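Encoded as structure tokens, the following chain is the form deposited without this ligand, with no partner shown.
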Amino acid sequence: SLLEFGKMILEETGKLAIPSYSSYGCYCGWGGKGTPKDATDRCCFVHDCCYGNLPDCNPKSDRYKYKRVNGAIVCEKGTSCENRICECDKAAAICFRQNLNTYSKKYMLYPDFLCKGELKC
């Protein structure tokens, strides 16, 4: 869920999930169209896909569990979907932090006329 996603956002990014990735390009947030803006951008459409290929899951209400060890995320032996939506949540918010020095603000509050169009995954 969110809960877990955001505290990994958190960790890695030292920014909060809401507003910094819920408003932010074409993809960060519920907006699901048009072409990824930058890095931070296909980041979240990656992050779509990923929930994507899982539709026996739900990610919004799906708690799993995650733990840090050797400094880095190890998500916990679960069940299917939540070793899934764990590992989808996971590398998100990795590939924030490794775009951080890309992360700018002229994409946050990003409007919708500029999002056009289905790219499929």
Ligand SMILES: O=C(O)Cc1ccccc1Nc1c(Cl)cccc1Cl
The other form holds:
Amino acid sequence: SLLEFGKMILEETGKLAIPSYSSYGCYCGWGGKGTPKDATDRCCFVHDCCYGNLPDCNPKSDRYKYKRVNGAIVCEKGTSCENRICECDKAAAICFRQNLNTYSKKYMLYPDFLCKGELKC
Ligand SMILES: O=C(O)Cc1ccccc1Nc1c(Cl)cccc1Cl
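With the form deposited without this ligand in hand, show me what the form solved in complex with this ligand looks like.
Next comes the full complex, this chain leading.
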């Protein structure tokens, strides 16, 4: 659920889901349209897509359990949705961690009209 994802984010990037990633680029936090502005934005685009493969699930509210073996994120067995949701969030976290070096504040609160064009998953 949104609750786990943010915590996962924080541990991974040292940044807070809100407001560091809740309104970044064209896909972080609300998604919808345009061309992902950067790597971090790309992470969100993929992440939205991931959630997309689970029409009959509820990512925002279904909670899952996970542990860190050492530095690694390991999703614990739960419902199928729960497991596939976790794998989606884990990917996004690692992704964020992998592009922290290019995170740009000029993309915080990015205005909607500056996101043109559809991009397929
Ligand atoms: O893909 C993302 O960056 C995350 C993302 C996508 C869709 C919806 C919400 C979020 N994040 C989000 C979180 Cl992670 C916590 C509190 C409030 C919000 Cl809106």
